[PDB]
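Trainee: Take a look at the letters that make up each chain.
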Amino acid sequence: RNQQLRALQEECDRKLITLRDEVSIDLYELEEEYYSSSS
Amino acid sequence: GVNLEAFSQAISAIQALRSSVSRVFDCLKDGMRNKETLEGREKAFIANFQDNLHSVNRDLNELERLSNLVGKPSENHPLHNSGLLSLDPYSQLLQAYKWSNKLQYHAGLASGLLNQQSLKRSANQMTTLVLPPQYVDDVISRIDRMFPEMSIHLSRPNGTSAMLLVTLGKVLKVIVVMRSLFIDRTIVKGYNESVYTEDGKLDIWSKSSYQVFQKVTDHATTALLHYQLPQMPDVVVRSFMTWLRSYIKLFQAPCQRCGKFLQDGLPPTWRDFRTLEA
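For the protein sequence lines, the chains are Q and V, in the order given.
What the first sequence shows, in the authors' numbering, is residues 101 to 139, in sequence order.
What the second sequence shows, in the authors' numbering, is residues 8 to 96, 104 to 140, 153 to 304, in sequence order.
Rather than coming from a laboratory, the hints here were simulated on the basis of the structure.
A hint or two may mislead.
To be verified - Straight line, CA to CA, 30 Å or less: simulated DSSO-like cross-link-like pairs of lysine-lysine: (1) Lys286/V x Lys275/V; (2) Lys116/V x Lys79/V; (3) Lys241/V x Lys286/V; (4) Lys115/Q x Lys227/V; (5) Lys233/V x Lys286/V; (6) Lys115/Q x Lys233/V.
Given the sequences, and given the hints that come with them, work out the whole structure.
Mentor: Below you can see the structure in the form of structure tokens.
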């Protein structure tokens, strides 16, 4: 069961990292976008 | 080997061997126009005679020459000639053999002069500079490992980003944790101070050393932040690897004595020397 729930968090953790990855991309995808504004 | 090219210079040498004697007799073709200052003009004659000594130097030039001969004489070049009359109308290919070389040689200059670029702008003319496939990382790893006597490894236990470690002759391994394509945010240590194989439980960071490699780490960070070309990340990581290779010795100490500080290194100019001086 422990091992079972281990997977339950393990992949989840990976998912979070994946999220971060996606977020990171999104992050970068907006950073250059922040440059454009000549305010 | 490639010492054959030296013979080319020897060619020019014997060329002078002719010209020299001509320059002799031409000097004897006429006498003193108007010295009016000294009689070194005659010595001038002997001056040309002195250059004849160069000819003897040519004979000396053969001492360094003749390293060794290669097997399979004629180097597979006239094998086409062994063909029947049907094959002889084939020399064209050989011409292209030089031509292609010239091509490269031309690019060898052209690309060189391409260094002075004129791109007044680089945006508002279009993408996805971050490499999508998680396979180009392995490609770059293999390209780096193609270099000899310098082993590279990588595990990437953090996630999508790239994580790798490199070792050299000493125990001054370097741990580089960067994004998908280009190298950034690396660190260096020495003598198991990092132990990033199973440090504690995994490839730990530990952000530390005993105040010796810290300067090298900062310089490598600067080099990473400076060599970030707009395109061709493979070129960037290759340049980074070449830069890293320059510390495999840590022996010389020019433009100073080997007592200025703990160590000495800052080679972005493809040559290391005493640090804290540039």
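Trainee: Give a verdict on every hint.
Mentor: Consistency of the hints with the structure:
no., hint, in the structure
1, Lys286/V x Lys275/V, "holds (18 Å)"
2, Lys116/V x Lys79/V, "holds (26 Å)"
3, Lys241/V x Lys286/V, "holds (14 Å)"
4, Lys115/Q x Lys227/V, "holds (22 Å)"
5, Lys233/V x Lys286/V, "holds (26 Å)"
6, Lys115/Q x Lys233/V, "holds (27 Å)"
The structure agrees with every numbered hint stated previously.
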